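Student: Residues per chain are reported as follows:
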Amino acid sequence: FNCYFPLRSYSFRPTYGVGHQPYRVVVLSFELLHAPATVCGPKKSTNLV
Amino acid sequence: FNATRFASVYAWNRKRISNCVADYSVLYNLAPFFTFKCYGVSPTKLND
Ligand SMILES: *[C@@H]1O[C@H](CO)[C@@H](O)[C@H](O)[C@H]1NC(C)=O
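Residue numbers (the entry's author numbering), protein chains in the order written: chain C, 483 to 531; chain A, 339 to 386.
Pairwise CB distance ranges (calculated):
1) A:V379 with C:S527: 56 to 62 Å
2) A:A360 with C:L489: 28 to 34 Å
3) C:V521 with A:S356: 56 to 62 Å
4) C:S511 with A:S356: 47 to 53 Å
5) A:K353 with C:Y486: 26 to 32 Å
6) C:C485 with A:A349: 32 to 38 Å
7) C:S491 with A:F372: 21 to 27 Å
8) C:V500 with A:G378: 17 to 23 Å
9) A:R354 with C:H502: 30 to 36 Å
10) A:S346 with C:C485: 28 to 34 Å
I should point out that these hints are in silico values taken from the structure, not numbers from a laboratory.
Positions of the beta carbon are idealized from the N, C-alpha and C atoms, including for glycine.
With the rest of the complex left out, here is chain C:
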């Protein structure tokens, strides 16, 4: 009574409809800031003018 286990399982089944098929999500977070950049796009440099 008023005691619950928070963990529940999806139990995915292919026979389920569109709203129950499992989906894989990858969330990318960037941080545009004044600090020096480590990761950068694939672009070609040029001589200093």
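Once you've looked at the hints, dock chain A with the ligand against the given chain C.
Tutor: The following block gives chain A with the ligand in isolation, referenced to the frame of chain C:
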């Protein structure tokens, strides 16, 4: 609850409830142990 029943296995009795203030905290004294299974709504937040 706390009332007589009819042989409604074939013909379930339907009660329409409207225009009232509903409380569920009193339904926890039905028996020493009973199932309060819920589908589609979490057991909590029912009042809200
Ligand atoms: C139902 O009856 C039992 C025993 O008579 C009592 O303990 C309980 O409070 C009652 N519940 C309601 C909702 O009247």
